[PDB]
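Peer 1: Okay, here's what each chain looks like letter by letter:
There are 4 protein chains.
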Amino acid sequence: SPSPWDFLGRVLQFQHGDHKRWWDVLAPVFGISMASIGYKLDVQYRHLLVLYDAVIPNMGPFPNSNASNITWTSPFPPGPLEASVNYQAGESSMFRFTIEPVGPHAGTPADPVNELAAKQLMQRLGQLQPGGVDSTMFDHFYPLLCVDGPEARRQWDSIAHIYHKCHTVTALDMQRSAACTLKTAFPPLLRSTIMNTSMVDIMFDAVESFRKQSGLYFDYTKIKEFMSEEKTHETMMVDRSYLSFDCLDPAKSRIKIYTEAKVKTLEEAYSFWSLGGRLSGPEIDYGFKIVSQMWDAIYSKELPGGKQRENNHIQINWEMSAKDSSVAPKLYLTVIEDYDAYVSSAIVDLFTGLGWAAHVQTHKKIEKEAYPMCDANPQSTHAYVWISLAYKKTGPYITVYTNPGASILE
Amino acid sequence: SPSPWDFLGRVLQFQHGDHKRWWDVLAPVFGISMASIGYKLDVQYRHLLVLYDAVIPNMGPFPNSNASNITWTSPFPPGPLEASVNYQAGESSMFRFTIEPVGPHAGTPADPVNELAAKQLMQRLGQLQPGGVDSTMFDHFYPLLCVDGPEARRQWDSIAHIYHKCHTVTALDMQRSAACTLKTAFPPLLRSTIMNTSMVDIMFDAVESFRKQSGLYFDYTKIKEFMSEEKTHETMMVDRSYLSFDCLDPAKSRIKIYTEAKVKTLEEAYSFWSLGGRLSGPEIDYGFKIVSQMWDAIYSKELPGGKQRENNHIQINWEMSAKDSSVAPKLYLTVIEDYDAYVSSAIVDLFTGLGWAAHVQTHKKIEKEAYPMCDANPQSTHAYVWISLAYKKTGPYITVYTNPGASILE
Amino acid sequence: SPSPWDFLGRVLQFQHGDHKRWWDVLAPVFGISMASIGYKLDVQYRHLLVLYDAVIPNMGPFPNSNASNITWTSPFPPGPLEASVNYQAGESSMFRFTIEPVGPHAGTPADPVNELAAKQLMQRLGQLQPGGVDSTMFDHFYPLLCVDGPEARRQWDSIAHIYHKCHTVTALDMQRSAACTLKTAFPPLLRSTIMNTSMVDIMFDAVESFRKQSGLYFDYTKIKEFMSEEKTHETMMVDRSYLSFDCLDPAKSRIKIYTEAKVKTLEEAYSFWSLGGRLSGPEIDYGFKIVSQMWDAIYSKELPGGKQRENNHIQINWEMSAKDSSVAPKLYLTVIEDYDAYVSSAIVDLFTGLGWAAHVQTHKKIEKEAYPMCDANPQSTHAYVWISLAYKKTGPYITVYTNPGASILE
Amino acid sequence: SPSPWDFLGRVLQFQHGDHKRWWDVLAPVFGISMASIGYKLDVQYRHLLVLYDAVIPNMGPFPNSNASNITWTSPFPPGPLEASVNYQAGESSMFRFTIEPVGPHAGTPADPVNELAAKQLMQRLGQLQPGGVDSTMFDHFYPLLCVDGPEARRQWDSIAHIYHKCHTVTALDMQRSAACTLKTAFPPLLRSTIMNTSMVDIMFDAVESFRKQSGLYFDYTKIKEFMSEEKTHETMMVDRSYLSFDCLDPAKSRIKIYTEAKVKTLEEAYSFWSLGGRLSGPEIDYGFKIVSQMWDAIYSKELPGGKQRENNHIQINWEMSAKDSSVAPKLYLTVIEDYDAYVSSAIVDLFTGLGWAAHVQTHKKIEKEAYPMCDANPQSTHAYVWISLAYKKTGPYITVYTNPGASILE
Ligand SMILES: CC(C)=CCSP(=O)(O)OP(=O)(O)O
Ligand SMILES: CC(C)=CCSP(=O)(O)OP(=O)(O)O
Ligand SMILES: CC(C)=CCSP(=O)(O)OP(=O)(O)O
Ligand SMILES: CC(C)=CCSP(=O)(O)OP(=O)(O)O
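Protein chains in written order, with the deposited numbering: chain B, 23 to 432; chain C, 23 to 432; chain D, 23 to 432; chain A, 23 to 432.
Be aware that one or more of the hints could be misleading.
In silico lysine-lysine, PhoX-like type, Cα no more than 20 Å apart, as pairs [said to hold, decoys possible]:
1. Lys414/D with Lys274/D
2. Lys253/B with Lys286/B
3. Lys62/D with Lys62/A
4. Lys62/C with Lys62/B
Where chain A lies over chain C, by a calculated footprint (3+ residues, C-beta under 8 Å) [said to hold, decoys possible]:
5. 153–167
6. 170–184
7. 386–392
By construction, these hints were calculated from the structure, which means they are not laboratory data.
C-beta: ideal position from N, C-alpha, C; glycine also.
Take these sequences, add in the hints, and give me the full structure.
Peer 2: Spelled out as structure tokens, the structure:
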């Protein structure tokens, strides 16, 4: 009895060879994440056919041996940014998937700014599930935050020096109910560059115009007067920032701000979790305790090869709801260069502290099946990339981002 | 929420447009037969992907409006010879389909004898399910019964006058366990023609050589004793005959002989059921009672338009097992030219005679969903083609062959 | 020995069946226009592979019999707006082809404004011939004239009442040097609608901003002076207007304005040719003599079936160059509803008076081969759609627009 | 301006990724052989589309780095057995290409004897050029020499010990007139094995039955008289033998016998050229002088790395015509394990002595363009495989077989 990815790779016709190679790589990882939490084999068929139909044709070329073919530059390896199996209370697990949609010729003179890929993905995904992709907030924010093809081409002198010209990042929530849901993030770096204005105020003026044009409530001030201090702006780098939203009924979506910090102390980092003390609550401390715990847990160890750790790379993401005056944080510790053995150890014993034993077996099973390297190699660095925490009203939001393309790094 | 055929037609890439049109026609009928008895949705996906992968690329071109493109002539309409949901007691219904594999150019000077299609289907089907296609009996009988490409091409003067140059017919048992099983039938008409010998003789000499080479027991004497007579040979058409076998472990396969009769009375038809009285048992009359029952049932009615019925077109199929010394009959009433309303009424009230009500609702559901015409048109003749009967050790074997391409006849 | 379209339809794999059917229809007409003026056979292969690769996947679905599958509404039949072999002196004939790029789902809730198709066509066409698609003027005018997806979706209440929501029309000059050249036209109807401003104003303000941003000289005053009047605006329909440009080195492109008139006398039509007397020269009357000639020629005849002709449907296109201060007209007589026999006779004897005998045989050859109907049917109306005239510095610019899908209308 | 293979790889859709990789490898070599003797560009398109359509889908999988995926074993590397530009006087050079058609699953339990690939290639090739593939001699010899699928499967115990189970080899003469011509060779090793009879006997009995059934004259006596001896049979390997024929009008085809020898002196090799003195003429010694010439030429050098040469691997091919009573030889020196620099030098100075200067530049051009390695690496062994000689009624038949997949060996 074959598995859905095996059978499908046997029977399916692929438009392009690179889609076949991406299938061989990803489809096992994806299928095992789906089949190691219980995605009904039919739903596996459905999501794998969406992956075969919508996202892989919108992934860009496959990394060859010297990644000679990768022409759309990035500080990350080619392919997905992550595969985002997340665990919450009551054994509710779900599979998520982030990709910066890359055209087959993005980063080349035929598609210098990678303009179509995101829209082709959106359109294909709406055609697959009609009525499932509401385009309101996309319509409102694409003018203010993003930059279309022609505007980027007229002002190429302004943004050429930028290394990563990323403007649209799409995350798929592959619901267990076969009803995949799109999420879009806009980094305004090219916008703030050509307009020569600060990231802060373009982001917040966009959210403000949306607030008034929509009438919906998005409390956005506290983020602003924190991210606009100077002690903050000395430690973070504001230009690794974006804000995001769900392509849904704008009465249901959210607006998440997101930025990056290189911090020395966990106390120092408490600012980002707290927006400088402004954003404080009975749960703002619940979450920060756990993140500091896992912080010194995974930073207790040494780097592979005795190289010294000077600072610690964290990422941060707040979100603002439409119906209430609330905004909540979500912290990441970047672990791209640690011991996969140590990272896995910290993950599993943190889980054990939570008592997430079902999730523990889930994690180890997904590990062994989807990522053999962590056992075949004692010195291993390539499974995990980010360990993300966030406490919400009834539980933490710990997501273990992976590189489903780690097999290419071995 | 789409259905597997809808979603799949949306996402699947088709190698050829004719495969797409055949999909649009068949896949609803096939999928509704599958989902109208309970084929689990992932099993539906599997069988529909087999149909998409194995059988549709081996079905030949799609009938256009004047059927101008059909170059592989036949007395039947293009497409499957039947789609043949079978019913047995204990609510045991299963789906099976018959096709004369036609190459995309069969019946043209590039493939004048349609040689490859069957082997390509066999090979593809074994590649899909390895170890699931045993080729023993095929290997033994392809030399004696069938005719390869080169032999048929050397002796074209001999068989050119034949209208239907059919030599290999493949039936798929689309098991509910996703494990489709191939069946092959060989009509020796071209063989008996070029060799200028009697059908009876080549058929039974082939089965005899297999009996000795294999040691297995295939009692074939009584069939020969009956089919060799003259009172039989005056009424039946001996040239619409084949023998069949399952591509399986030859310790598990069977050998079925098959022929056709134009009979006047049911009494005179009792011969074929009984091989002239030789083949007799407690069940030989059980099945005959029921076939006479439905015989006078569906023949009591008139033909559409007052055309007179002179005789009755029946088919017959005897079967010989390996482990024992037994041979059993299975009769067919052809209903290609009758009232779909009357044919349906006879089916439902015969079934309702068995008490097969679950099967009754099953039949009417498959009717309304897969065949709207029987209601949209009071005068309708195009759903059913054959009503087949056979009584085995426990229950009857009533199979309601349809034309899944009836919609093409509207 | 096959022909390129025959051989290619034999060997090529098509991504979609509709591309195959469009191939069967168009590829003969296109290939016969190419091979009926002398397009070298490998150049035929190249252009036919471009048509197979770039334009047919961007043509939208194929008209089925009741044309249910056409969801992107229009006052014209589906397919190209024309196939437009143009003739000039010295036996200089070239092939060109207009299409309103339609997405496979344009006019449906997945692509309500047909946004991507034009950009996908542009991108594919640049990928095929790198460095051959300069995007300057597209970049400048896409903001001012056209409407993107999100803007059109936010203001759907404004433009929903419009019947034809056409915003981008692409013409391919299939050069005999295998170097196809793209041309883009923008009708500002949706823009002028949502902005609730006059077509004249947005068009000329866009050209003015381009004049200042680029420094190049596009004399646009006289066109505005004439189109702004009222005696003009009572007879012409101002909303069937666009302006166009070549995707090239903007030091080489042009800007053509374009509109449509329902005129009673040729005298009263002289205005559009002359912009009310402002646009006058030695050639302004040269071209007008010839258009009045063919006007009374093809209007002297009656309509098929005795229906009366009240007015005459003409189109007009003025052009402004960059290096100089000039603007030149080009008139059209619509012949969609006339006798193909009469239309053909007028074309051939116009040519004969002009002495274009080589062009005469060219025309009749393309007729018989690509359009059999004009002979198979004495009463035929379906070959030609537009007879366009323009006299430039040396010779006339008579282009005989056809419907390469006329066979679909039979 | 691209080249046909570049443009085509850009525009063509490939059914399988392996076809794309084989395209990337072969299509440059094939196209440069075509365009380095003058194959007209549209003829290049035609042959490259045949290679894209007929032969590459019938080439088997592409060698990955460890070559795990070649499941059809062989003593040669995967891909064509050669790419075999042939040179004759009057600057008459033509391209031809040999392949053992391998199914995508040949050598696996779904296709253990690689039965279909040759017939699929034949059928496809006839469908492309109807009337261009006469199947007479194939029909006559497929029973006597070859072994079908079922016969090979019944007697698997007999031929399992054989390493190379090759039974059908197809050579394409890619005529400069776009009219490719098929050639088929049958090695009877599996036949002579299962029948347990001598190769000589089955081969010549087959040719004899064809002689009587057809009436045509194929003088085969002297070959049998020589190959039946013992002094011959001690030095030559009789099991690397086949006989071949053209799929054409059997009044035009030929029958070539073919075998292989490991010979010590050129004197002792003169036997195979001469069938032991029986086959003698004015040209029998003409060709032998030249082969001894190039023999001592390319064997005077040493092997790369000082390994000693004990004997010399030669191949031989005699040919029998239909209209006359003649049989002519054609010898081969295998150079698989020599200095590409030395092999090339011998080829070019042989040519130079022959005065084939145009052919000299042709050879060096094809070398540099299609095979860079011979210059990038001073120690190179991988361009050439066979240097074949034969002197016919006017000039020699020197064919320089290459490995068009040499780049895979780097
Ligand atoms: C918006 C995309 C591009 C990145 C964010 S993915 P996420 O898992 O952080 O989203 P949620 O926290 O689950 O709401
Ligand atoms: C052998 C094929 C080509 C036709 C016979 S199909 P069948 O339904 O009669 O086979 P069974 O009676 O079910 O065993
Ligand atoms: C701009 C496109 C969409 C329509 C105009 S095509 P055309 O033949 O009128 O262009 P030219 O007159 O040849 O310059
Ligand atoms: C018959 C095939 C499989 C191999 C022989 S190819 P060839 O070049 O030796 O054929 P010719 O000598 O040119 O006639």
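Peer 1: Now, for every hint given, state plainly whether the structure supports it.
Peer 2: Against the structure, the hints come out as follows:
Restraint check: the Cα-Cα separation between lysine 414/D and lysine 274/D comes to about 17 Å, which is no more than 20 Å; the hinted pair holds. Only pairs whose Cα atoms come within 20 Å are accepted, and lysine 253/B paired with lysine 286/B is accepted, the gap being roughly 13 Å. With a CA separation close to 11 Å, the supplied pair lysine 62/D and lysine 62/A stays within the 20 Å bound. A hinted pair counts as satisfied when its Cα atoms are at most 20 Å apart, and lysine 62/C with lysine 62/B qualifies at roughly 11 Å.
By the rule of at least three residues with a Cβ nearer than 8 Å to a Cβ of chain A, the coverage given for the segment 153–167 of chain C holds, with 7 such residues. For the segment 170–184 of chain C, the proposed coverage by chain A is satisfied: 6 residues have a C-beta within less than 8 Å of a C-beta in that chain, meeting the threshold of three. Taking a C-beta to C-beta cut-off of 8 Å, the segment 386–392 of chain C contributes 0 residues in contact with chain A, too few for the three needed, and the coverage statement is violated.
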